[PDB]
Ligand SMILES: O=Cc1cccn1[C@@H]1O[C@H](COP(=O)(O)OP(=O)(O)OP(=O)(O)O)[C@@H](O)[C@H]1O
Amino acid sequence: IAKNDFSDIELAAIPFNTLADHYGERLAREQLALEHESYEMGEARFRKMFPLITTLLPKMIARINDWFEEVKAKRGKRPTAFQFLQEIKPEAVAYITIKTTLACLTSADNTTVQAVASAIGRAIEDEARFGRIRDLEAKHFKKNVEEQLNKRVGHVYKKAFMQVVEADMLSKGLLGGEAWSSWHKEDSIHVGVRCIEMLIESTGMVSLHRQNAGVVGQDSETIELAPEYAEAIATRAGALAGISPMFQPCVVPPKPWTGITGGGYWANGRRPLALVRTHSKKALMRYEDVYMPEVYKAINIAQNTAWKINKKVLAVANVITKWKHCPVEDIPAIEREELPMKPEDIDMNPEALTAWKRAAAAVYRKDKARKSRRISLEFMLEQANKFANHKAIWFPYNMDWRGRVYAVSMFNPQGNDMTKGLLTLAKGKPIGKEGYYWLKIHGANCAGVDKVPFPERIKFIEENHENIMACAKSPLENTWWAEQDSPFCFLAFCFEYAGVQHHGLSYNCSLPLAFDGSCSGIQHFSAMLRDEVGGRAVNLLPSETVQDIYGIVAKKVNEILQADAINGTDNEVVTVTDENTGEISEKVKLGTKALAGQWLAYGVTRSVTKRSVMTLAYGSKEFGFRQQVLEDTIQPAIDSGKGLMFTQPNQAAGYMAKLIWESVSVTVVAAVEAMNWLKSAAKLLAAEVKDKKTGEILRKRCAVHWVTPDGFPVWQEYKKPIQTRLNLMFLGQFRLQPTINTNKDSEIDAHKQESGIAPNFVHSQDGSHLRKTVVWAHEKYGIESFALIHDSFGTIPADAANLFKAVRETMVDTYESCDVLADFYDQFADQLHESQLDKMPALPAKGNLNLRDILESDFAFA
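Quick one: this chain alone, in the form deposited without the named molecule?
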């Protein structure tokens, strides 16, 4: 086993040699040097730059060295942070701090001092451990490999891409080990805070801001990028030049996954990755001796897809993103937004200095989001320009606890419109007639034309032939592209399309074309339950037009509103009608007739029901399916001037939640019953074996376990964290006392358990559908390149026709040969429920849906 079985000298060289054996010593050296940038900036890269890191780094290194002197020079307890940091090379501490902090800031929401210090501590710990082997590894690949030039030539422009290595061709010293941290959270945060503290000191890159001082539920301490830097990153070209994300693309095929850890990246002087991202080392260990051939096969095929930077799109991105007025509206503006001038009569205490406190707060909230989106956009550009001339790049892959497949590097194919526009597939093929037809459908989809039949989409592109061509010819002059649904992806399509026009159907195309599942989850529920009516709302049946479940739930909500607008309850006078005197409050019950009228005044369209349908239950909801409707629809309407029809904003929200839930309940009947069934099972599995006085325990709380069709096991185990607070003197100014969740757990969270079972089950379900599709499209048809995004399947034009066929085939096959619900039942039958075992059961009935009809469904991608 790598751990022990080999010497630090052998581990240091074991990857270089093999990476050199194949690929050659130039790429082999580059790939490991690339991986080492996650811990330390090479002296070669840094000094060459004489970009913010040219000031930041030295000012920071110098501060760490001085902090150490101040600590040693005085008597008494040494700060906990020092204990751990004292051993790490300061150049590494400074670089990790800079990079981790800027990365956390690409988050629009969570930048609390906990999140950032936590992320820094984790990375600092990777270096403490692994650092010795990194130092040796670097010394090793600096020296040219031994003789025979043909072997070292490496690349040799062999117009065919590098091929992954064979599993058995991997020395045991490459079988990675230990992806989980071993430091206590208290210490990790201790280290993270001190590092943040020194960064604020040496440079003024960030600052600490107290949010909502006094609110038990919202009080927070957050990191905010300083205006000076926000403006430099926004207005300068390459401000982030030598500050790459912690996880980057590979310049050679990634290491294949053979076990629980160590797959993807090649270096041994790094912290290996985990095959599955779990909540604890223990949970990860469960996969150690599992055996799931199809899972590894799938991850390894996706990982082996070769990509490359789309230079034409990059050239445009690099130029317009620096304009003070970008044609692509979703590019964070460069100028800030001034605070709404006080009413000069602010002293006035009406809801003016209250509504104003809300207006300004909002502006700060958007400015933060604007700075984060900016930082993010710049990381992507720094990475697309870094790899712009490579023949090909690769992305290693991971899986979340439910089995969903994710690319590891920050810049990846699963990103936003721009990022995906910057990426294209490497090995392509002559497009042909069929491939050219789908390239156009992809062009249509990139615009907003996707809820219409294919011939219309095809009609759409042709009618704009000259627009498309003009954009490909002078993108900066003709910005019709920048106005489309997915601008950058639409632009990429325009260059490809123009290519076809110039070279004919023999044109070698590699733009990844994508197929998306309608609604995902309701397709899976409808398919596993064979619900023809539910399946038809998503797109499981061959229809003449595209069905929009969001639109049909909407029409159903509206006919109930028209129903209540005519009849329905009347505005019950003030509350006072169930007691006597005083409390005339709640002077309004607003009958459904008034509630219906308010909503009809507002509108209630597909949009209003869609996002609303998405934030409740399946997705991300936190107590109150209406307490979200009041904040995502009514509130923003009121805040923007409108919303005057909502006299009692809370009751309006309460009323619409019931209509939407009541609408979906009769639209996807079979699916809701399946969710409740899954919920019931979860509640019992998480329950505790009691009894009348003699509350001994026969069965302590249990986690919900189940196995996906392709063989991926998943264990749902939400737990309650054991918290604590640290007491850190911060900048000799005040005591930062952060509340933190410890690595120690107390007891299973019963509520969280049953609230997540349904969405976590369908996700693990689509997760294996995607894996099986990858395997099948690869072995059955000859698909080598894949663009995977949880429910979007893509590849090059000439293979599109078969990919389109493979998602359906794989979908049909899994549900015909597997009764996942019954299989689930046979999992929490024995282990689960002690004696009782009643009230929960009754597997939902199988419907009349013919799964074979999915093979003929045009719009049922996925």
Given for the second form:
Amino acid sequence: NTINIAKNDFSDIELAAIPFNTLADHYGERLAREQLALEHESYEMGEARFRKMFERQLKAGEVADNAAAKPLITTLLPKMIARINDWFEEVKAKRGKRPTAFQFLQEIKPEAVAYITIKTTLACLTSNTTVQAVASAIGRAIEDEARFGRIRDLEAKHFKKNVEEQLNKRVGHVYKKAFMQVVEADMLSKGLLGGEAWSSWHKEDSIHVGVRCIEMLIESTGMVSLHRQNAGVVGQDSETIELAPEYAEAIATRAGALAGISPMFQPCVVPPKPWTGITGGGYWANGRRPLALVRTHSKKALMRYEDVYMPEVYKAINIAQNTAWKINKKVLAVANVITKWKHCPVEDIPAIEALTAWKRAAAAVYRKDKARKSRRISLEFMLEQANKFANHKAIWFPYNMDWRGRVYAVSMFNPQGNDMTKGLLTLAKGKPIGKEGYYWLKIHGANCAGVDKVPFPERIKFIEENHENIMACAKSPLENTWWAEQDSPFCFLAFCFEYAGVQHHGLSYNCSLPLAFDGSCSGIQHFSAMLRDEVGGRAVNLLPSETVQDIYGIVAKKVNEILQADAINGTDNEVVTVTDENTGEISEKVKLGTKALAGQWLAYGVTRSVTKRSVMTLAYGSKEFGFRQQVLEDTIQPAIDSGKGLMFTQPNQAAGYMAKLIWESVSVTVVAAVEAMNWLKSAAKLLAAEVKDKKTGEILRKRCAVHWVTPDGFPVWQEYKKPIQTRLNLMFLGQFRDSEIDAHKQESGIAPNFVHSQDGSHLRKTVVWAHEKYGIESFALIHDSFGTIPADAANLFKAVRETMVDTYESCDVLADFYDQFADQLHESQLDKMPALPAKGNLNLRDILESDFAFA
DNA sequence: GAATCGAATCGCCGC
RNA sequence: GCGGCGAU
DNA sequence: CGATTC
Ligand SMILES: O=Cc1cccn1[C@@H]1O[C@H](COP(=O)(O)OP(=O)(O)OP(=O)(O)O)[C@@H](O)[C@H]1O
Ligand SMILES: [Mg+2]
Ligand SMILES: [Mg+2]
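Swap state to the form solved in complex with the named molecule from the form deposited without the named molecule:
What follows is the whole complex; the chain from before opens it.
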């Protein structure tokens, strides 16, 4: 039931003359044919991908989950619900005893029966056409939502949350229902569902409820026609159900239309098409899916950039596209061997509360089995793409941006991937390495091993002390597994081959390995530079420092100062009344004081591992509440499951105490970060407010989106939007039944999105400034990682600091942010707008002399 | 007034 | 949307 | 612990 788009639509891509000539005028006809054939293959692979998924969803009875059937379902559902309703009054107004199926259909609300019927008849017809068997299919599906939705809807709307996540962790209808069977029995043992065990429907009841549902679908919609066979013959009287061909052609056309616009983007064998406008950049042919400069969730948001003059933004994207890459054949030769022997090549190298705790161990193996299969899937695809382009002289990647302006490569195989993917990709246009390039090659090799918390001379000494090990790895990587045991193994191996090249050829050796420089904590770095935070900036190495500054260990050091103070002074333990709000029981337990809680943590030993997740999620918006879950999940629970954690008698009390100390430490260490996110959150709060006079009720000021402009000239609009109603069932997944600004997501998004737009602007300005003031042509970019060939590494090191000093010396981005929305504020809320946070004593020009900023 | 909720972006794979 | 993986 | 909304 599908139409091959490929025969005509995909043929136009190679045939059309205006795309061919514009490509051939730059790189000739031979490369033009190769590039168009590659893009043609990408669309063909994408069509094949959709069709395999469509047929697998066809075979599994999940055809309503496919995107080609959703536009159908959304116009048939309101008619079904109106007819599902309208029956109920007719039988209630018709005297006499009710039909067999009337009472069952009241146990499930009209919306849920409308979807359950449509999905199950679509499943039964596509994947026996008798009305009896399709009636029982709905009948067993209605009863499942009736019996087990009882748990969700009424008795445990608070306690469902403690089984909702573990229900979602199960995959498969059988596993999900079996878990719900255990949940229902556990609840009844506590008298939670009213003590009423379900009386399962008889098979006679299940067929009769279905034929009521099929008949009501024919009345409301024309999706399905009824057909009788051998009418009047007692033995062979049957009714066969049929999907209406006019609606089958609707999903067929939509399946073909969607199959054309889902290509598998690949690297380019010619340089990518320079961006001159909103669309059509990157790849060279026109396409069923043309590339967009900004990845927006709506076509209206992309059209906002049409006449936006942002020349520096366009130059930055086009320069990055022009960077020539090639597959690292030496690394690829190694990876082609060890992936045949291990599922993950660097995974396991040989080297020298009982119910509720071991339930988590069982869930750990279940999660690990998912993780092992997931990691292997991506590994085999990356290796296939790397081998496909291995013998090419150079390959290129097109680039675009997310709606905040961060720069992303477009192809699935691209240098922004994991350690193996980065290890398989090297720059194509190298230069003689020289003395300076060799020095930075060793620094880059030291960072791949994980020796990055020590000053530069110690990184050099680590490489020079391990000179024998590095040369042994380059000469025979399969015979010496030392490279595989490092923090970034394949990138370390890539350094090993280049290091051996300098030994075999001297400083004239042409090297093209990308040497990445990663900023410490980019979000905190930008916030500290915004408000001139001396203490906060020094913690993220903005300032020149003795050693590499480690904000994870600084917070841990501050945490341990409170722990030892709380171990001498501090509160004692106390008994306090507690009450479970569900059961209503009033009990009394021990509330551990800070003196006891500090002693437990001092026994455990609080290091940077305890604090690392909390500050890492600070820029994402986490705070003292979120830290409690992080500490419980990352530190306390792994300790208890491994025989440690004997000090933690009440883990939630230890977690909440730890979250209080981390939040006190982080909010005192990086002050300007905390103040800046608070100010932006308050800004979005007043913008997303629908202010109104309560007496009149009239809307005085409409809720407003948040809009600002980066120093590079890239504009960004934040308008999180929410749907008005959505329905989710238990065994079968959710489905839609206009949009308004989601004010909650506006508050939760504004601070991370603002700082991410700033680091995108900084990256783009770095790429431009490095390309024009110096002569750098090759760029490796992952959002805050700046890499180039070793001979240009020192200049990139200088350029990335010069741009960051330049913007914040010239732009008050928070004050510029204020100048945008201040006209949109209402009279009643300007008094409640907090003032801009005060700037500090940090001198921005010290960033130029900072060794470990890297950015 | 309480009653409830809530506590970054992007891409791939699966349902 | 949910499950898992990866990138910052 | 605040905002948002019953
Ligand atoms: O971006 C987030 C991200 C995505 C994937 C992995 N990560 C984290 O990136 C860290 C490495 O950078 P750091 O933050 O400096 O950690 P570290 O312990 O101090 O240094 P290291 O020993 O790993 O070399 C890792 O640990 C991860 O949590
Ligand atoms: Mg690290
Ligand atoms: Mg990160």
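Numbering follows the first chain given and starts at 1. Each form is matched to the other, and the largest set of C-alpha atoms that superpose within 1.5 Å is called the rigid core.
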Of the residues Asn508, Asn467, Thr575, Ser474, superposed on the core between these two forms, only the C-alpha of one moves by 2 Å or more, and that residue is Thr575
